[PDB]
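Just the one chain here, the form solved without its partner chain, laid out as structure tokens.
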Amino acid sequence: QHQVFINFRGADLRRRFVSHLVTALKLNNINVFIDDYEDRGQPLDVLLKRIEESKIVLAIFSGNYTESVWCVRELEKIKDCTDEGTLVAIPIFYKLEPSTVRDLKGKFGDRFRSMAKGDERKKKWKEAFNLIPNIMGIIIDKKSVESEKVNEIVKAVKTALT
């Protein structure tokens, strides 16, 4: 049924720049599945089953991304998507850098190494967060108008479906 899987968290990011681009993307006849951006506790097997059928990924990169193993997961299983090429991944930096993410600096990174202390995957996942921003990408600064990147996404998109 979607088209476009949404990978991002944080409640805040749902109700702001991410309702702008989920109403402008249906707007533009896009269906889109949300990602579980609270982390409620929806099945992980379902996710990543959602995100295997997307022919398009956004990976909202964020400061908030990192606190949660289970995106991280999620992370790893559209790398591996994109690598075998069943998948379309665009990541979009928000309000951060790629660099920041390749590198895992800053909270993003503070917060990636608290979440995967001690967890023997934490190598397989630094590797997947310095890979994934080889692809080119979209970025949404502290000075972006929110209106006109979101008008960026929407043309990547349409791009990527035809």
The other form holds:
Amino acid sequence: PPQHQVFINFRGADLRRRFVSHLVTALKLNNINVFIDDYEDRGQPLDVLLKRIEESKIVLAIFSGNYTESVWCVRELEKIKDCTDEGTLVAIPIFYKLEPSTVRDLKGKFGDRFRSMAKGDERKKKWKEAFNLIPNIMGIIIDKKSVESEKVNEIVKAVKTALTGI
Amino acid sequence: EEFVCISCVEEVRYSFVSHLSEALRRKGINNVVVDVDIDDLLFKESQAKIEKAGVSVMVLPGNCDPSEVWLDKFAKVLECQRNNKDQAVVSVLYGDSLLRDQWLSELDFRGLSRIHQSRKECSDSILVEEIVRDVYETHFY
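Okay, that's the form solved without its partner chain, but what's the structure of the form deposited with its partner chain bound?
And the full complex, kicking off with our chain again.
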């Protein structure tokens, strides 16, 4: 098992090819071991993902507009939330081009996709509370006036700090 | 001393181009970013910077119609290569839905050949890498 692992949790092939590709290049540059999420839901087994998350020390939860279309991604967040409550990992919420309140209160396009995917599902309530609580962890914001390269450096800094602290 | 000038529209200024500028900077290559969405009035300061740049990098909005974009925004950047004949020009067609042929045609008409393109198979990070290597080779050239 690897044990200076950073888990990068998110969805979107466009996000993987763009912003995340730079974040990944900067982490590797700093010899930090990272695990990339199944961003296409190309069907890596859910138990493998949830286990990788548990084996991590850091999780970067990158909330984008596509996060709530995936039942598996939402299950990952639940697992994130469960693990932080047992104290086995540092979680850092990243808000990619949406406001945190949008996430917390499941507003707009973000929540509409969530409500559509979770219609008539028993676990809906528990999921709703996770989205309400994870954005209270300190976290990092990226809006359209943000200099992305600076935000990448800011995230890498937070990761270095968290890793020395463990 | 010697430096590189990146030209682009505003939509990419804070995303793709910032990564591009950061990458050059890590490699020890000084650079400045010029926004071409500015009209010819404030642009008069930026003309100065482009002219003394050794390498001028044009990051084009490849999803857009070149006929609706070239003359309006980038003609003025290319026209700085006249004053400095030592200056080399690098062109980047950036975008997730390129009007690839329209732009290749435009670039040919203006006489530009040193060209990089967005591809669905490569990340923007790889694209940045390819451009930094080209610039570096041209930078001491």
